[PDB]
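Novice: The residues making up each chain are set out below.
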Amino acid sequence: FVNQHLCXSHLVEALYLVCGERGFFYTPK
Amino acid sequence: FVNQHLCXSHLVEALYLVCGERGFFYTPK
Amino acid sequence: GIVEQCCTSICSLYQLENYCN
Amino acid sequence: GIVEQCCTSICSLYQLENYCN
Ligand SMILES: [Cl-]
Ligand SMILES: [Cl-]
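Which chain is which? The protein sequence lines are B, B', A and A', in order. A prime marks a further copy of an entry chain. If you use the authors' numbering, the first sequence corresponds to residues 1 to 29, in order. If you use the authors' numbering, the second sequence corresponds to residues 1 to 29, in order. If you use the authors' numbering, the third sequence corresponds to residues 1 to 21, in order. If you use the authors' numbering, the fourth sequence corresponds to residues 1 to 21, in order.
Incorrect hints may appear among the rest.
To be verified - Derived pair list, reagent style EDC-like, types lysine to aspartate or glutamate, alpha-carbon separation capped at 16 Å:
# : chain 1 : residue 1 : chain 2 : residue 2
1 : B'      : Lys29     : B       : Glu21
2 : B'      : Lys29     : A       : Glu4
3 : B       : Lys29     : A'      : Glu4
4 : B       : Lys29     : B'      : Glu21
Claimed, not checked - Residues from chain B' that face chain A, not an exhaustive set, calculated with beta carbons under 7 Å:
# : residue
5 : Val2
6 : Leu15
7 : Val18
8 : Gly23
What the hints assert, rightly or not - Taking CB as the label site, the calculated pair distances span:
#  : chain 1 : residue 1 : chain 2 : residue 2 : range
9  : B'      : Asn3      : A'      : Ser12     : 15 to 25 Å
10 : A'      : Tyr14     : B'      : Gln4      : 32 to 42 Å
11 : A'      : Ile10     : B'      : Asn3      : 35 to 45 Å
12 : B'      : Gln4      : A'      : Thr8      : 17 to 27 Å
13 : B       : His10     : A'      : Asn21     : 35 to 45 Å
14 : A'      : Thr8      : B'      : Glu13     : 16 to 26 Å
Calculated from the structure, these hints are not laboratory results. C-beta atoms are modelled at their ideal positions from N, C-alpha and C, and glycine is treated no differently.
When you get a sec, could you build the whole thing from the sequences and use the hints?
Specialist: See the structure below:
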C-alpha cells in the first residue's frame with residue numbers, strides 16, 4: 001500500500017497505518 | 001461529525017477534515 | 001491527550017483545532 | 001515536503017516513517 005502515489009486522505013491513511021501507536025505529523029505546507 | 005466519540009482512524013479523519021491545508025499532529029501517546 | 005478527550009469522551013471542534021499546525 | 005515526495009511522486013516506507021513521532 002505504501003509504494004505508490006498517495007494523496008490527501010490516502011496519504012494520511014498510510015501515515016496512520018505505518019506509524020501505529022506512535023502517531024505522526026502531517027505537514028502538507 | 002465532530003461532536004461525538006471519534007476513535008482510531010475516525011479521529012484521524014476528523015483532524016484531517018478540520019485542519020485542512022494546515023495539517024495536524026496526531027499524538028495518541 | 002487526544003484519545004482521552006475525543007475517543008473515551010466526546011470530542012469538540014475547539015479541542016481538534018488545538019492539534020492543527 | 002511530504003506531498004511532493006509521496007503524492008506528486010511515488011512514496012516509500014522510508015520516507016513515511018520520517019513523519020512518525
Ligand atoms: Cl500493518
Ligand atoms: Cl468541511
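Novice: What are the numbers of the hints the structure violates, in ascending order?
Specialist: 9, 12, 13
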